[PDB]
Amino acid sequence: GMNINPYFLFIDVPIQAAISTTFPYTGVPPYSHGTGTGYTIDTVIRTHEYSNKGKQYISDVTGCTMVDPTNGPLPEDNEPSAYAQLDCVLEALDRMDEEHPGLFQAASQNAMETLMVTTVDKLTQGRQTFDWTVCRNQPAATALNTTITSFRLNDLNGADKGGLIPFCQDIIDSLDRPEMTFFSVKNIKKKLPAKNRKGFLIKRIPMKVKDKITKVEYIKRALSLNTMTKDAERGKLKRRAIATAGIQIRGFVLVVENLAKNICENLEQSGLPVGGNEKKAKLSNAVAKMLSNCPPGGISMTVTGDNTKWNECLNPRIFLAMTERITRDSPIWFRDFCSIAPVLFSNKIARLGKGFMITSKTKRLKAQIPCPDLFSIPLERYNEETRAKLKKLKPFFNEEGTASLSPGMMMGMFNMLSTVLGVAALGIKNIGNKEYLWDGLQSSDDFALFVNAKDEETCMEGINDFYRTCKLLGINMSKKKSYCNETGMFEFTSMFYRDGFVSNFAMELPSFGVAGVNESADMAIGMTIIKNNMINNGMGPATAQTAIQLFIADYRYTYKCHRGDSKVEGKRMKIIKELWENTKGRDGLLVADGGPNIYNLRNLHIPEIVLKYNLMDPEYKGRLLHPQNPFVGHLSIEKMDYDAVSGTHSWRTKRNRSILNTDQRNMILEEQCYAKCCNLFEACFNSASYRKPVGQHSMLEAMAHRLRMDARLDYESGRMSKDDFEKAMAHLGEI
Amino acid sequence: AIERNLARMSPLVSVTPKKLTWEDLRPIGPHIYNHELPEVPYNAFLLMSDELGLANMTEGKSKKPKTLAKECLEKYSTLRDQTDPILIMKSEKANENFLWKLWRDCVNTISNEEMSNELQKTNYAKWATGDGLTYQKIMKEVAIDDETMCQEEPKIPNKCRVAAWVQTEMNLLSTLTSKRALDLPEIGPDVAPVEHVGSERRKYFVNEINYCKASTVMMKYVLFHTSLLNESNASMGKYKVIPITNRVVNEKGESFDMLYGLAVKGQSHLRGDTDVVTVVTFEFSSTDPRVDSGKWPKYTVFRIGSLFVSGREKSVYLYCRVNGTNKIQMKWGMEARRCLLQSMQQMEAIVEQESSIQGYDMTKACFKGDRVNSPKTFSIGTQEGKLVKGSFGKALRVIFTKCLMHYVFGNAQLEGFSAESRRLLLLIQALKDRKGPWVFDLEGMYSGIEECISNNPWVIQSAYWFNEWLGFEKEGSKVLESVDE
Amino acid sequence: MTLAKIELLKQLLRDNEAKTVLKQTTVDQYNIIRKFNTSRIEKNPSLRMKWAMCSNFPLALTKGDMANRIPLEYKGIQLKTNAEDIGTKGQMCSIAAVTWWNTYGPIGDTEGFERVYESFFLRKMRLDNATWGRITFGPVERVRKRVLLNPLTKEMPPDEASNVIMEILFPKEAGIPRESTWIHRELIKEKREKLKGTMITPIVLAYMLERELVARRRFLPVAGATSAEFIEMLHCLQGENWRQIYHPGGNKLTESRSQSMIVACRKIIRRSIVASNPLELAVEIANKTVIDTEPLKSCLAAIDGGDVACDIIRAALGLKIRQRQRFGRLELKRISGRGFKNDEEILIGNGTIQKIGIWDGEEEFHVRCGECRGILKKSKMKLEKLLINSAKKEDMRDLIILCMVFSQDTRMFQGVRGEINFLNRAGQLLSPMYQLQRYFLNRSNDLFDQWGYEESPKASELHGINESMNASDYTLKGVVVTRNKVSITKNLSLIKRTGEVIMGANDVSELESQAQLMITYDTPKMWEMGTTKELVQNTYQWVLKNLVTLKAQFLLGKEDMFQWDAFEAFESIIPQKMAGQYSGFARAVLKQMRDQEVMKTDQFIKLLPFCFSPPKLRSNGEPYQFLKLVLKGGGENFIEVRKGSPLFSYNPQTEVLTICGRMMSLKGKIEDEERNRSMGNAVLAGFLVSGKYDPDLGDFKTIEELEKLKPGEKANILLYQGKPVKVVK
RNA sequence: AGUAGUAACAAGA
RNA sequence: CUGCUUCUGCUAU
RNA sequence: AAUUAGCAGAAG
Ligand SMILES: [Mg+2]
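Chains as they are written, first to last, in the authors' numbering: chain B, 0 to 637, 653 to 749; chain A, 238 to 722; chain C, 1 to 484, 496 to 740.
Because the hints were derived from the structure by calculation, they are not lab data.
We treat Cβ as the ideally placed atom computed from N, Cα and C, and that holds for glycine.
Just so you know, not all the hints are guaranteed correct.
With a Cα cut of at most 27 Å, we get these calculated DSS-like pairs of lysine-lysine [unchecked claim]:
1) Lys43/C x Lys229/B
2) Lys479/B x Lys235/B
3) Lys391/B x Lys298/A
4) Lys530/B x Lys601/A
5) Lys235/B x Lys43/C
6) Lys35/C x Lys690/B
7) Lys573/B x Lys303/A
8) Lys362/B x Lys298/A
9) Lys489/A x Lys298/A
10) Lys382/C x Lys458/C
11) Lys570/B x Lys303/A
12) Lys194/B x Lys298/A
13) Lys654/C x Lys256/A
14) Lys190/B x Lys654/C
15) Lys189/B x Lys202/B
16) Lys602/C x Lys703/C
Covered stretches of chain A (chain B as the covering partner; in silico rule of three or more C-beta atoms under 8 Å from a C-beta of chain B) [unchecked claim]:
17) 242 to 251
18) 552 to 561
19) 572 to 583
20) 673 to 684
With these hints in hand, go ahead and build the complete structure from the sequences.
What follows is the structure in structure tokens.
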């Protein structure tokens, strides 16, 4: 009775060689179902739990219960600690400024030179921004545009000066306004007859109105984060909460992250902003340098570590001091600009999500209790854990459904400045002139420490001193996820070094599917992914040919484009079998037209129409590569349209986002008005899609001057008659 | 100031390093040995090793799945013409009469002259799919006044012990069968010598992987999830009979069509990505549930007759179960063929390493052996307490079954167990390399693992396998104490 | 169609919302309002693609007369949607409509595909006209380097290339005329000729032009072929354990052929210099060396240039030596001189310390740059004379700049007042002199200041120019604008007819670089021109394969198996001064393990390839002692004597050897009573093991404490982490 | 019922 | 109600 | 020796 043990593969193979079997990335990642009030409230409580021994007070700007853990008492146990001592932070920056002389002033000069050229369109490079005019999440360009068109009502016209600096001046000149006026969106909840259990339907038709808010409510909205839960997070058992900052915050976070990026690029002992094979070569060079730096006869230990509560124990009052000590020679305006962002991060107000849902089981009823109405019911109508969390939230719960969140770094937009703090903890290298020396690597919250000493008890003293030093800056090294072996095998950001970094195939395994843009682009993407994993991820030739076969099978079963000689039935396979029987040279059919695969290893970078261009029938090539094929939307002036060069398998799938019971009339019409204005502007100026058009004047004036000059040049070169020229100038005079 | 602020810090803030020895490593997950916990029930989507495929030797026509199920049931006319239930097992909150009437409705719907596999909304269909079980949503003021509308506690996953069927699923899905099931398309012709080496490696790797039971189960899952997503998007307000099917080729090149049972898709207005569609599955089998009674507390098992696969006569049971799935598990079921790749690369790399020691392509020397190379044998499993070495293709099939079961029983517990046990695998490797690893808080490191072992059968069996392999490593380490002393 | 645009503008300004959108949005905020989207983009594209294909009509039609060719029903299949849903929605169709277009659609002209996708058609042509070689199975040491992915013709920086593309396609709204318009007006007018009457969308033409012009450099793992003709097929080229020879198509450049020729000559001399009669082995390897299509002698014949190594291989084969060297744009020919490079800690003008190569002696050169000539004369870290001819002023400027930097004078180092990058972003070692050369091109005015000035010469044809590049009064110190056969040795030295050498085997540089093209050694044992880890792994595989014969001939013979052809290849990666010391130590340890009957097989395998060179003992007939044996290149490359190493490890329980990662199994070729034997008898030379850890003799003695002992004195030795032993001489 | 898993879906974002 | 940064890949909707 | 965005995947 032989019983199979799959761990016994590890008897003949080391773990780092067979590490790709320890990554279950063929399974389903964990998603979040329902609300995100529980993890947000637990985040607020656990953030104030590691900081409650500091100075608690009440802000006189908003009215929140602020908490100041910095310069507080020292920790007494191995609990997480947020009380970062200021003198230790400034001394670590003294060591890091001694060791790299001239680094801080060079980084500050480069960041100030980058800031004086940056325009406001840099604030359209975000995924989903918390919009304060609707208290929701809009996209970044939509949130920026609503903010600009709302600041124009309050006589803040500094966004028409082009740059970023007058826009941030407008931001901090909005905080000293007695009343703000903006554009809000309300709706009509129309009642309609239906046929279901409840009987009727509630159709929400949204339309845009004008709103007016007071000063302190604006200060609370502009400092607010929007909280949600993160999905598809592999490697964890329980979920967590994340936050999203507004448009009045990212405009200042950009400069501080650019400053810290300029510092991080020039530190030898970091892991940012490198990435890819660049990071592998840098880490291998660093490990070899720290391996040849060992004393004759000593012992070099390596701590594979991780920090617990990175966003929950760092403080913006330390980042304010770091931007005050880094920018110690810049002009005073730049020091104010670089000190605004950790000030706004020390007064952040977390919004508490969607609320909790209460159900009556015997009546088959349920309802949603929101965040303002959270304490409106007794706490006996909750669970155990929700009752405990709502009891702990009550000092900080504000009466509008938000909560004060002074300590911590919940939104986590300082991935480079905290790396600077971790390297400043790594750049100390000794305490008390004892017989060791440490040196490490630090990405944003993952480190790897190397301690060279005479024997391993001295190495343990060095590790204990590094832990005590990290406690002084707000860095709690996790004693459960860290371990320490000798040098040669460690792990850093899921890169497993065993005398050279090993090849992990299973991490980049979820990219191998059909990416889903259209047929042609998915064929190109899939073959390029197989080729790049063959280059730098250890996928051999046989595995790559099998991946070609599996990609072709998944591609055919997705796009319903099986081979024309097969017997599979469908709405597409009818005409596919007809095209197979019609075509003479069937080896030139694309796989989307029911054709044979001719991809192999040596031709993975050549596209599908190029590889099959000398095997095509001329009729099929003329029908495929038609310049006026109605599946690719050309650039026409809204015939005289331009020729769309690529095939018919470059079609577009309009993701018609229509919510249930939501008549999106007006939100379609405003987006269509913006699209019409931009389409006429691109008709007048052709390079608007290649190069960003600069200019501090109106679009109507630019279009009017371009059309006036265009008519004048079309008249004198004969292309325009005198009556057409008179019509043109008579139209332009009435504009 | 750092040395100043390190002298007024208490000595109770330390890292407490501890030298890791072999006897310091305790078995992970002790509660799975406790006999006062129930055995972990079978909670997969479809049957994997207890499957029964009704064969039908078709004549080269991928005509329709409804016509395929009709012809395959016309071949087995006695199992189709059963109208009397013989109840063998029943689930707790089940209904044997409604499930038998729904199976007869599926049989009468799949074998008609019509062209549609839709069901009507009868009483048994509305019970088994589940209609009107959503809670009514009322306004917040009426619920604020209502002192009865509490907020319900979440159901924590139950704690379970090691059920002895997971070892049976590992042992049977890692064996060779006589049929293929992979639908691998053709590839371009080979010109470079890399492509000749790759094809002559692929023949060995595929001939080991393709003729095994886990490949048939994998293709069953892939095809059923593909047809289920197709019927879910095309038919949202309709109950649809979807046959569970597969295409098989034996060693002779003859192609059979294997029917594995039928399924009833519920109402599938899946607006979100985590919305559930109820699938009522009726699967054939030949395994008596009275043998292992704790394996199936989720199934309703009837008996519908006998089957002569040879001169021997076997029985046929019908496992009925209400089940459910969402869009994301259907998408990751349509992409399950990647379980080849993660299992192929991990073996092929080993071949390549051997190819850089001897100087020639060592695929044949690894799989089957040649004149100047004994074949590669891997320590593959236990047999009455001792250790057995198996073949190369055996280990390839074991890694393939492991990746397939990573898909099949995959949820948040398997991810958390995988991460927090990988952190301990690297410690055991640092103990085997004689690097002398040091830990700082081992009990919390063990406690991060042991909160992921709730009811996942793969996680509980993997903790059992971890404890077995760790006992073997502790037994093996007792030779190093005689080195230079 | 200007009048149509004016009429569209008049139709748009009568709508009161677009009027206030146009009148208030600045042109800088067009970039903001262009991306205005009210609904979020959907999260999963693959799930929406697998879910949207199972619907009636997932696609979207473009309204026109070409969309009306598709019928509303084709044999029962509704291809496109019904026209009753036209009103403020749009028209949709199924994927079967795409397949009907590909089968029964109207025919069109495929001219515009071949123009736009010309880069991919050239990419296909370079693979169709390409021959393959043979695949080899063995270790490949890959180095991560920034390489160019795709071949080009005119590699331009992306801002200059964007300005050029704006001057080709959109010349009206092009901006300020920069310097890029001047040095590329040929390409601008030629591409504007070739793209004259075309009707493609201009943004597709912009991206095909930037695919033709702009470079793309990425950090890829390369091994032996870094040119963009070999990087485009890098996946099929080599792996971690195999290498496929490839001969690409198209055409190559002489700069890559010269670079790979220099690399191949350096590798041939470096492997040759450890042999007996190195000239014979050097010619024997240099005959059968093919730089991707052709032998090494043809490359040495046709290429003007090279280094010391190219000249030694040229004179070894019987060719005329070309003593011409390069410093980027500065081409030089050595008239007479003899200088040797040593590393110097140079402080530079902004206060940074760098190890820079500094030469000695006194040298004279015929220098040249562009179409300007000159004669330069220098010494150790000092410019002395530079007599140049009359040519263009900026070429003369570059010539004097390159002669100033090439002289390695103290003023050139002291004038670097700025930000110099002596390192990569990934911490790799850039060349100091080429970095100073690239710095001192445009910001050389500080070099003009810190160099100084003096009077002119007052001879007949000697007039000195100034920074205005005219014949002024005050010229720079040392610059005058005037208007006017070897043998080869056994040790690979180039001696003249009289005897004064010009080049030697000590003068080849040790920059172990990666070749541009692919070098092939058509020889048995072509692995001896590999890198360090390849030679270590191949030598240890050769010791493992022949372990029984080596073990028997060591247990019988005395000095007839320390000499093999494999250890001759192994010696060329041990540094020169420590090779005899490592040899004496390892020979004494192996003779110790033979003479007294304690034998270890892992130590025999480990320290056998170090027993090749003749033993350099101490001054009293006793060997040295070592902790580790450091090999050439990198920090990982060492062999630990007592511990394990990155290049060597041994598991005694499983009996498994690890060489550079790869695991061989010693189970079967071993003495079965060896695990009862102690490691400390095979750790030092003359020191054996007698007892246990004794604190009555002191702490663990170091190397200098053990080398100054006497026969009989006992010490404590720590083998690895946990095992202290006693030790007697 | 069921999927599941610290909170939801089991039709009306 | 799917945040920030880095790297890679594809495309110019 | 040196060389303008959108979306997806991974890591943190
Ligand atoms: Mg880590």
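(request) Examine the stretch 673 to 684 of chain A: at least three residues should have C-beta closer than 8 Å to a C-beta of chain B. (result) Since 9 is at least three, the answer is holds.
(message) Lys530/B and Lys601/A were given as a pair; does the straight-line alpha-carbon distance stay at or below 27 Å?
(response) holds (26 Å)
(message) For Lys489/A and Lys298/A, compute the direct alpha-carbon distance and say whether it is at most 27 Å.
(response) Since the Cα atoms of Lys489/A and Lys298/A sit roughly 19 Å apart, the hinted pair holds (cutoff 27 Å).
(request) Quickly compare the C-alpha distance for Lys189/B and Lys202/B to 27 Å and report which way the hint goes. (result) holds (5 Å)
(request) With a cut-off of 27 Å on the C-alpha distance, tell me whether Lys391/B and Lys298/A pass. (result) Judged against 27 Å, a Cα distance of about 67 Å means the pair is violated.
(request) Given the hint that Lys35/C pairs with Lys690/B, test it: the Cα-Cα distance must not exceed 27 Å. (result) holds (12 Å)
(request) Given the hint that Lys654/C pairs with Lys256/A, test it: the Cα-Cα distance must not exceed 27 Å. (result) OK: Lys654/C and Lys256/A at ~20 Å, within 27 Å.
(request) Sort out whether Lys458/C lies within 27 Å of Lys382/C, counting only the CA atoms. (result) holds (24 Å)
(message) Next pair to validate is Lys570/B with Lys303/A; report whether the Cα-Cα distance is within 27 Å.
(response) holds (17 Å)
(message) Run the distance test for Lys43/C versus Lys229/B: straight-line Cα separation, threshold 27 Å.
(response) holds (12 Å)
(message) Tell me if the straight-line CA distance from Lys235/B to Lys43/C falls inside 27 Å.
(response) holds (21 Å)
(message) Just to make sure I understand the rule, a stretch counts as covered if three or more of its residues have a C-beta closer than 8 Å to a C-beta of the chain. Does the stretch 572 to 583 of chain A meet that for chain B?
(response) Holds: 11 residues of the stretch 572 to 583 of chain A have a Cβ under 8 Å from chain B.
Hint compliance for this structure: hints 3, 8, 12, 14, 18 are broken, all remaining hints hold.
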